[PDB]
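Only one chain is shown below, in structure tokens, and it's the form deposited in one PDB entry.
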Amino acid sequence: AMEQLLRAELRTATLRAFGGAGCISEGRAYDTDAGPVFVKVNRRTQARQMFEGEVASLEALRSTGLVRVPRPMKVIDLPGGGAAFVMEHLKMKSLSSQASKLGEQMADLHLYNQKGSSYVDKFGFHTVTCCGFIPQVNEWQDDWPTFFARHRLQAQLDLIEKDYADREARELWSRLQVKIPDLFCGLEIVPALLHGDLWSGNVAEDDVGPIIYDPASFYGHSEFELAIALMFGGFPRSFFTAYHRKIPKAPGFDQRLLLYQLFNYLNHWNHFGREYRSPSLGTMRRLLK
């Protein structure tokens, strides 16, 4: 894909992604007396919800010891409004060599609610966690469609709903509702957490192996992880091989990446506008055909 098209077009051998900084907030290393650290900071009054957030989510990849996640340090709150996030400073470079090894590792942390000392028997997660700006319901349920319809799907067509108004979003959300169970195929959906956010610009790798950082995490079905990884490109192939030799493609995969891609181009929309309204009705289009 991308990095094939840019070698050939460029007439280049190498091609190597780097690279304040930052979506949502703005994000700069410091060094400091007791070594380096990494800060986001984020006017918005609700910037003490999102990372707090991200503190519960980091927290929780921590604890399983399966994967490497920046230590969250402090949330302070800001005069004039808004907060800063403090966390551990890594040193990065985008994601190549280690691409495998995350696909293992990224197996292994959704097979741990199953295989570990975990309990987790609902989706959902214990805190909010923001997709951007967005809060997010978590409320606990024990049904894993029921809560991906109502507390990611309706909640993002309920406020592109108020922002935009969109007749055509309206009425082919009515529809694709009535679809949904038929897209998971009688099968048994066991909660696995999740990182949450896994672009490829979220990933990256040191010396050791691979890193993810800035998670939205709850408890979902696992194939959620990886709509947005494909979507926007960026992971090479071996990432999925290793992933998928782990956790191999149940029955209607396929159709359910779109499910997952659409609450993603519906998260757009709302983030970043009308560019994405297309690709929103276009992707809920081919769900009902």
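Basically, rigid core = biggest C-alpha set you can superpose within 1.5 Å across the two forms. Positions refer to the first chain, counted from 1. First, how it differs from the form deposited in another entry.
- Taking 2 Å as the criterion, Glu9 counts as shifted between the two forms: its C-alpha moves by at least this amount when the rigid core is aligned.
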Contents of the next structure:
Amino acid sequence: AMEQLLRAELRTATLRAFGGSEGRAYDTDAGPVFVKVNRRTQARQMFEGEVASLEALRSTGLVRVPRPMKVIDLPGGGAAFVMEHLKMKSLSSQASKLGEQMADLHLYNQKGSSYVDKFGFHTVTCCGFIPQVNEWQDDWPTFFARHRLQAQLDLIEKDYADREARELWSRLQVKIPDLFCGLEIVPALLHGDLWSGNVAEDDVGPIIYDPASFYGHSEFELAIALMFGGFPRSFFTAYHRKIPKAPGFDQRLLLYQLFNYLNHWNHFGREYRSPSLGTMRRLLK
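Switch from the form deposited in one PDB entry to the form deposited in another entry and print that structure.
What comes next is one chain alone, with no partners or other molecules.
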């Protein structure tokens, strides 16, 4: 592996690791803090959605997230978001614990005393830089098609005028209910952006951060985790011991990954055109 190659190339018996958007940590009097800085006009709205997501996750008591402290308007535009600092390392030893916690998080709404009975959220939350509509909907395929897939494809039409995306979406949209028939879908509180880069751990347990939360189908959470990798297998094993894969899981997984590919096309451009269209074609085959 890496370590072995370095030992060989450097000719050393020992090789002992040490030392572990404009985000800077700062030592502070009342304990350490971490400050995220974003200079664009919408930064406050984005950070308030992040605060709202962190607060919703914190209210469950099921997952460890950084405590939000303050959102500060910046002279010259944008905002800083100050939060509790956490010493973190890549998720490894705590992967199975995090799988358990994430499954409990997804079950929390249906199992509690204050049931949220629609898909969506009480405020706007941003997946990356793009604001999302979270308007409450009774029906999950309606919510996902309109306020996730259609929203992304409207931006693609406006900014790229992509004929293939338009034609494939015209065909795919009618097929979506086939992936949901005969199944009970319960709103589940989601982290909303559970890429491997947004999870970590300390000596006590796993930590998750940078949420973009809403009430959705639990399975949507896992799509970004699987597509970009980074999670130990034991994360998924632990998760699916509590929430087993429902029938049709692999086909819905493509639909949910499609959303993430479209969001990456809108964020980063045409490098993501091929996976977006290819995923749509796989769904149509």
